[PDB]
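First comes one chain, alone, set out as structure tokens in the form solved without its partner chain.
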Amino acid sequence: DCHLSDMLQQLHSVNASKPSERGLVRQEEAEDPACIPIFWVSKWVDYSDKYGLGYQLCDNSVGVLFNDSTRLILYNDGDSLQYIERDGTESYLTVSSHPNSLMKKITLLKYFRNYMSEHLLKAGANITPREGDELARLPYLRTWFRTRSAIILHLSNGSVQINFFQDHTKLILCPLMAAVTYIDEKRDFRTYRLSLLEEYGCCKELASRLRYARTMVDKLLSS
């Protein structure tokens, strides 16, 4: 990923500046609502022991990255699908066409949609995403993994989202904007330009999560 490499450079640069080591932190100066993401993962379900990783994006679309490395996405109209084969060959179809070869995968996607609707809360439900470019592409989950502390979700638009288990905090990193959105323990959401965190500083909490992010982005790059 060229986006991952860019992301690693941006995280290298903010972390090398040691942004929490400042007499007065002024992280509010680094905020930019123009940079609020269009897409992030709002719900996820790890059924990787049998089927794959089901997820919802903040626009209510649902996707799955299956164990066989294919991906199926159901748009928020409730009928349009995008199917992505193992070589990343994509095609579009509808649920209403009931294609026999995809019936199992559609059934699994509907299972995740139902589970998520009944049993999970929507991350960032208090946030209105920025106005997208009208022709922006809905991303899919490119890769993910879990560590003891977090789940790391790499979207096909280059975004990397890290969800921390212990405190429910989350980072959404966007390399095109060179921005980070941090959702804290109390669900307050702020979006910052990474370069401006270098200049103005940030709290030790964000600084530490940004160190952790760099290591996660290195893991993404090596695998």
Given for the second form:
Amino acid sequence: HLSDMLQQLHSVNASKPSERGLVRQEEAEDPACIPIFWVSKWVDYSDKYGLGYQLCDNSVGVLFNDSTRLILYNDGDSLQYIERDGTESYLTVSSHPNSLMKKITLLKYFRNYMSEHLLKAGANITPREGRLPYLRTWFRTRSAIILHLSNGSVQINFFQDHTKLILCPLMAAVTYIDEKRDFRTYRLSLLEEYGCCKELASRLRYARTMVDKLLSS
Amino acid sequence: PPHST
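Moving from the form solved without its partner chain, what structure would you give for the form deposited with its partner chain bound?
In what comes next, the whole complex appears, and the chain from above leads the way.
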């Protein structure tokens, strides 16, 4: 759906959202389109293992350096192992699967690390109701970290001001978290009619540049 | 290592 997202993002950037006479941004809000999932926190151990992160529902997952991923559901015991080729597998920790003990151990170490050292992004936001997605890929730039989920969502966490973007092409929407940590969701199509502000417009512009990168990989 | 906020 990365291709569908380049469409929507262009249309709105192509309409000069903030280059309007009167900007009626609040009119573009769509409470129903609130995301189901988004990355709460993350730790970069790619130097030796991979990248750990937590989803807003408290589940945790990791993308290992060997291109395999492991997810631990919020029940604290259910798992989901995805091999490189995308081959999903559903298991249980308590089932004590020898082949995965080392990676389970590492997954819990990230969980413990994020649990005592990091804040939970979007803590003051109730997601709408919905399987669990996994991190497909990710990368950082001098100015932000981009996270691409298996459900098609793309998240961009900006370093400087801590502002965040959560884009979804199924709902064709975007949720913008500002520096006050205010949390809002707009329907791309509407932001094209009613317009939006200057800082939201440039961020969406940066997002198209990030989606381009995601497609060229 | 590098991490989120």
